[PDB]
Amino acid sequence: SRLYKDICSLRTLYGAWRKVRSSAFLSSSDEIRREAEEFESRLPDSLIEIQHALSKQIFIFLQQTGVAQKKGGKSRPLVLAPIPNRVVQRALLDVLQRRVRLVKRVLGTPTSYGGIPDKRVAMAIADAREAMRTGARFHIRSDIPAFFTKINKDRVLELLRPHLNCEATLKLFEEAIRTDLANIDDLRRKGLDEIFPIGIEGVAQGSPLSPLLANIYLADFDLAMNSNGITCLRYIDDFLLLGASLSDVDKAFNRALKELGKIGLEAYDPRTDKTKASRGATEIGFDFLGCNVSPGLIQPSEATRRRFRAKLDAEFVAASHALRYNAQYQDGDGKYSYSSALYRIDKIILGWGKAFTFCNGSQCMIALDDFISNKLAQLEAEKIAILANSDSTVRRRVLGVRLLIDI
Amino acid sequence: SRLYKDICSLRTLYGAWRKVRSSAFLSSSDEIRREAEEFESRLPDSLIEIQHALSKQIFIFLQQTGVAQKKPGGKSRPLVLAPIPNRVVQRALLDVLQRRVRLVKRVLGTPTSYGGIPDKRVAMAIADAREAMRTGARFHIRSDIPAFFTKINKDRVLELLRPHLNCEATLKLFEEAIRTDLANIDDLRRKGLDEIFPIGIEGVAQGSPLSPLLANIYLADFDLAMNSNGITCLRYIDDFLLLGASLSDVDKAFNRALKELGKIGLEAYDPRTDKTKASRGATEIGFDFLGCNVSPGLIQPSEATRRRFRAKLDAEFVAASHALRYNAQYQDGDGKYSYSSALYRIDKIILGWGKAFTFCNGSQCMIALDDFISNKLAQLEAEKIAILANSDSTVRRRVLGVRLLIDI
DNA sequence: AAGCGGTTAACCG
DNA sequence: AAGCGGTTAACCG
Ligand SMILES: Nc1ccn([C@H]2C[C@H](O)[C@@H](COP(=O)(O)OP(=O)(O)OP(=O)(O)O)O2)c(=O)n1
Ligand SMILES: Nc1ccn([C@H]2C[C@H](O)[C@@H](COP(=O)(O)OP(=O)(O)OP(=O)(O)O)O2)c(=O)n1
Ligand SMILES: [Mn+2]
Ligand SMILES: [Mn+2]
Numbered sequence: 002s003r004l005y006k007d008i009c010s011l012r013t014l015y016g017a018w019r020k021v022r023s024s025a026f027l028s029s030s031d032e033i034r035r036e037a038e039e040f041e042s043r044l045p046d047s048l049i050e051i052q053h054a055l056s057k058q059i060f061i062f063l064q065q066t067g068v069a070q071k072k074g075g076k077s078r079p080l081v082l083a084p085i086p087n088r089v090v091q092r093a094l095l096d097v098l099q100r101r102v103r104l105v106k107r108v109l110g111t112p113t114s115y116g117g118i119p120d121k122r123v124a125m126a127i128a129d130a131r132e133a134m135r136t137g138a139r140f141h142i143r144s145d146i147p148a149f150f151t152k153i154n155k156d157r158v159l160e161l162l163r164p165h166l167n168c169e170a171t172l173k174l175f176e177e178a179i180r181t182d183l184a185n186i187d188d189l190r191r192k193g194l195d196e197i198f199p200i201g202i203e204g205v206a207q208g209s210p211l212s213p214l215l216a217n218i219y220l221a222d223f224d225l226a227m228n229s230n231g232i233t234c235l236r237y238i239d240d241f242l243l244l245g246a247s248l249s250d251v252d253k254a255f256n257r258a259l260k261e262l263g264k265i266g267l268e269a270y271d272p273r274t275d276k277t278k279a280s281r282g283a284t285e286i287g288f289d290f291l292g293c294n295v296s297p298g299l300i301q302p303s304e305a306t307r308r309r310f311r312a313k314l315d316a317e318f319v320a321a322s323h324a325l326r327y328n329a330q331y332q333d334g335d336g337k338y339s340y341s342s343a344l345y346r347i348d349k350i351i352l353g354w355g356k357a358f359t360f361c362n363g364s365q366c367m368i369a370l371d372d373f374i375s376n377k378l379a380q381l382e383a384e385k386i387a388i389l390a391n392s393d394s395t396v397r398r399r400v401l402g403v404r405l406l407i408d409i
Numbered sequence: 002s003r004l005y006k007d008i009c010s011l012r013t014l015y016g017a018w019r020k021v022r023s024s025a026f027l028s029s030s031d032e033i034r035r036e037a038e039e040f041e042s043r044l045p046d047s048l049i050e051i052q053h054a055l056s057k058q059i060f061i062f063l064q065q066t067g068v069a070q071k072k073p074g075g076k077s078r079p080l081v082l083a084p085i086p087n088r089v090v091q092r093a094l095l096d097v098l099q100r101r102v103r104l105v106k107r108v109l110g111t112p113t114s115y116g117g118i119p120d121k122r123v124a125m126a127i128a129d130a131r132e133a134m135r136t137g138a139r140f141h142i143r144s145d146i147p148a149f150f151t152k153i154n155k156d157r158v159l160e161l162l163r164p165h166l167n168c169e170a171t172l173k174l175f176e177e178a179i180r181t182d183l184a185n186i187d188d189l190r191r192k193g194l195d196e197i198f199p200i201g202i203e204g205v206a207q208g209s210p211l212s213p214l215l216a217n218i219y220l221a222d223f224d225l226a227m228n229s230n231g232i233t234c235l236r237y238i239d240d241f242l243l244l245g246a247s248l249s250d251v252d253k254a255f256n257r258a259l260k261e262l263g264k265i266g267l268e269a270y271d272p273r274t275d276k277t278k279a280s281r282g283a284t285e286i287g288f289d290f291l292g293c294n295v296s297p298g299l300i301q302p303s304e305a306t307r308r309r310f311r312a313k314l315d316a317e318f319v320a321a322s323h324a325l326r327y328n329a330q331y332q333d334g335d336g337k338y339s340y341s342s343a344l345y346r347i348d349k350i351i352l353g354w355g356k357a358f359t360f361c362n363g364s365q366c367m368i369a370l371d372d373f374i375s376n377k378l379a380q381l382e383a384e385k386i387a388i389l390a391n392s393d394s395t396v397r398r399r400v401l402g403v404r405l406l407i408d409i
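From first to last, the protein sequence lines are chains B and A.
Residue numbers for the first sequence, in the deposited numbering: 2 to 72, 74 to 409.
In the deposited numbering, each residue carries its 1-based index in the second sequence increased by 1.
Read the hints as simulated data drawn from the structure, not as lab findings.
Misleading hints may appear alongside valid ones.
[Claimed, not checked] Sample of chain B residues lacking proximity to chain A, with all beta carbon distances greater than 12 Å (derived): (1) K106; (2) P147; (3) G263; (4) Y270; (5) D275; (6) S280; (7) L299; (8) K349.
[Stated by the list, open to error] DEER-style ranges, computed between Cβ atoms: (9) B:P119 to A:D335: 47 to 53 Å; (10) B:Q330 to A:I407: 52 to 58 Å; (11) B:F360 to A:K337: 51 to 57 Å; (12) B:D333 to A:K356: 28 to 34 Å; (13) B:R191 to A:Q365: 57 to 63 Å; (14) A:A128 to B:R19: 38 to 44 Å; (15) A:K106 to B:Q330: 38 to 44 Å.
[Unchecked claim] With a straight-line cut-off of 25 Å between C-alpha atoms, the simulated BS3-like cross-links for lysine-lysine are: (16) B:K356 to A:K356; (17) A:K337 to B:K356; (18) A:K337 to B:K377; (19) B:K349 to A:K337; (20) A:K377 to B:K337; (21) A:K377 to B:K20; (22) A:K20 to B:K313; (23) B:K20 to A:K337; (24) B:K349 to A:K349; (25) A:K20 to B:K337.
Even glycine gets a Cβ: it sits at the ideal position worked out from N, Cα and C.
Sequences and hints are given; from them, build the entire structure.
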């Protein structure tokens, strides 16, 4: 089977591993990094082993580890797997997306944008604002509660059996999407087992296949909803319905509830969940994918700016505490030294402002820059007060220039 | 042959490629890493091509590029930049020669040799020297070989390793790897820089992984001869220390060293004529070795090493002051030299340097260097307070180094 | 247009 | 103790 042969090819497996290591080497978890160093060493052989197993069809997905990601909703069920699992999983995604028509068709879908190669949030935001200015005068925006968890692996499998034409790739794909948690007993003891995809409901959050799986799951939804003069733009779970009449979108959301109902999914009702979903005249402006889409103006959603000001606020108080602490105290992290804090704050402004460069949030950005400018001025004066009466050593640990005598 | 089989191992080759990739991917050179990313793409095939060729013995080293590199003094480092396949096969050769060749493992093994050897550091040599002093070595001569890589003779190196390798194919690969062929030779000849590069049998390429091992193999006869008759010779690459009970014993040793070096075509800086490259005198008073000042009681960074550090730090502060003035009036700033970014980098320079001399015990000069830092620092604050007193918010953000969202 | 062997950003050849 | 897809470090799911 040429499809299966691609999966066992060393070009694919090394391509996949390149993708996996790019993450592992940066992992906060030392074990993941070191497991990757152990895989990077013996690299020709460490992938040939997998290639060998895959070829003789005796590859074994190792038991995973289910952890709880700090989360509004229930702690995200993060399924962390060994490197060979992640490598074989990333391999499957690469071969599926270049060789399977249904996959490329699902990637092709014009109204789907999340987790699709060559597709970005900005493109959706553009299409949305294009629908207004073509007769979109009202909206509903909603998302699927616990989407992955409610995804059914039996429906996933049944949709994929036709377009696979390789019973071996079917077995591999089947084992790829199972979750066998090795810490299951500890997880039962905390009463946490039930949120993980240990049964047929759910896909592993943390597998590379799951976003494709999700997008395949809503293939039917995407088609049904783009009809009746109602335009639906979906990024992952989030869907924006755009229409001429409030009545029209209201009915469409009702059709959506039935459409997601067939496949086990609900959708936050805008009137019921104003903080999770939205409804109204597209003119008032609406929040979508972190932007506020007004037809005159487009900018990051207030919540995104709020988050950003809160992260900035935290850093600045962190610095102030440190400036007093470093004076009169020998030990400091030095992360919060004036030099380090400003350096972090500068790169935070870079990283965030870099993603919103498409947005024109200038009235808001100037306020965010006004917030930063004021915060910067305060700390500067705060430190000069302390520096005004300070010996060289104190200023050194305050400013963040290490002392050689203490190394 | 097991030796050659080893070199044609894709695990051997990939190991070599990993080390080459780590260097090329951080390379300042536009050309060099572009070449490396392309090799990382197509990686599976990129290396089998080399493996096929190595197994077939059809492998061809490609033409290299010679670069005279400005060095302190009028001296130039003859850089030989090679294509990625050259570089991979050469690191492959090094990795195999150092794990399978008995002579090679013995040369790395020698106790008195420390440069470019795995599991070996400058401190281990400084420690060995102090012990020799503790057991009665009260006088020393320290010297260096001029242009050592340039004067090594490939034919002697081949003669030394030919009995040990036991494979004609390994020997042929080694000869091709040692050899230098330059694409840029006509341009160098017009320059007059052609002679510096190892185009001839004399010399070993700088920028080749093999060349540091070759030098250790070349000086192995010197290492045994020097460590005799009450004299301990400790060598890191070219640099050598002769340790003895009496000045006469060290003086006699230097003459012996020149003779051992002379047979192999090498020479040493004279301790009386050149203060910078050789020293002579009593170990009880201090002497410099490998950037350390080795006193029987105290070890510290050497005075030259501290001057470099003081200059590197001074440069950083000069740049910071200039940018302080520039980032106020203009917007074309580099930002690397903004107050926040400047102070942050200086801190990490101070980290890395103090980390290098943790094996030293002298605090007096560390304290004086700390004082100099605090002086330049407080000056820079004076310069920042001044500029910012007459400043709007936009200038304050450009000076301090907290970029504006508007300018993204 | 910037390379190599090595060490706990840096250091030594 | 920390994962995934996608995009010009971050953002969005
Ligand atoms: N860091 C990650 C990783 C994966 N996903 C995936 C899994 C979710 O099922 C899907 C939908 O995105 P949501 O943020 O809406 O996630 P949930 O549907 O789980 O949350 P909620 O119940 O709050 O809608 O996106 C995600 O959102 N965020
Ligand atoms: N950055 C460096 C420093 C040194 N070396 C190698 C090649 C040199 O020939 C050898 C000896 O180091 P020296 O610094 O003593 O250099 P030279 O012997 O070439 O010059 P000099 O006459 O100044 O001693 O170490 C190197 O490859 N790269
Ligand atoms: Mn959701
Ligand atoms: Mn020299």
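The hints, checked one at a time:
1. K106: It holds; B:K106 is separated from chain A by about 22 Å at its closest Cβ, greater than 12 Å.
2. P147: holds (34 Å)
3. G263: Nearest chain A Cβ is 43 Å from B:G263, so the label holds.
4. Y270: Holds, because the least Cβ-Cβ distance between B:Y270 and chain A comes to about 31 Å, which exceeds 12 Å.
5. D275: Holds: least Cβ distance 31 Å, greater than 12 Å.
6. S280: Correct as stated: the minimum Cβ-Cβ distance to chain A is 26 Å, above 12 Å.
7. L299: For B:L299, whose nearest Cβ neighbour in chain A is about 16 Å away, the distance exceeds 12 Å, so it holds.
8. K349: Label violated. Min Cβ-Cβ 9 Å, cutoff 12 Å.
9. B:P119 to A:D335: 47 to 53 Å: violated (36 Å)
10. B:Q330 to A:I407: 52 to 58 Å: Given a distance of about 38 Å, which is not inside 52 to 58 Å, the answer is violated.
11. B:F360 to A:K337: 51 to 57 Å: violated (27 Å)
12. B:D333 to A:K356: 28 to 34 Å: Because 18 Å falls outside the window, the suggested range is violated.
13. B:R191 to A:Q365: 57 to 63 Å: holds (60 Å)
14. A:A128 to B:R19: 38 to 44 Å: Roughly 43 Å apart at Cβ, these two residues keep to the hinted range, so it holds.
15. A:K106 to B:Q330: 38 to 44 Å: 56 Å Cβ-Cβ, so the 38 to 44 Å window is violated.
16. B:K356 to A:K356: Outside the cut-off at roughly 35 Å; violated.
17. A:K337 to B:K356: holds (18 Å)
18. A:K337 to B:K377: holds (22 Å)
19. B:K349 to A:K337: Measuring from Cα to Cα gives roughly 12 Å; hence the hint holds.
20. A:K377 to B:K337: Satisfied, since the Cα-Cα distance of roughly 22 Å is no more than 25 Å.
21. A:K377 to B:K20: This hinted pair is violated, its Cα atoms lying about 46 Å apart.
22. A:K20 to B:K313: Roughly 39 Å separates the two Cα atoms, so the pair is violated.
23. B:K20 to A:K337: Not OK: B:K20 and A:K337 at ~31 Å, beyond 25 Å, violated.
24. B:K349 to A:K349: holds (17 Å)
25. A:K20 to B:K337: violated (31 Å)
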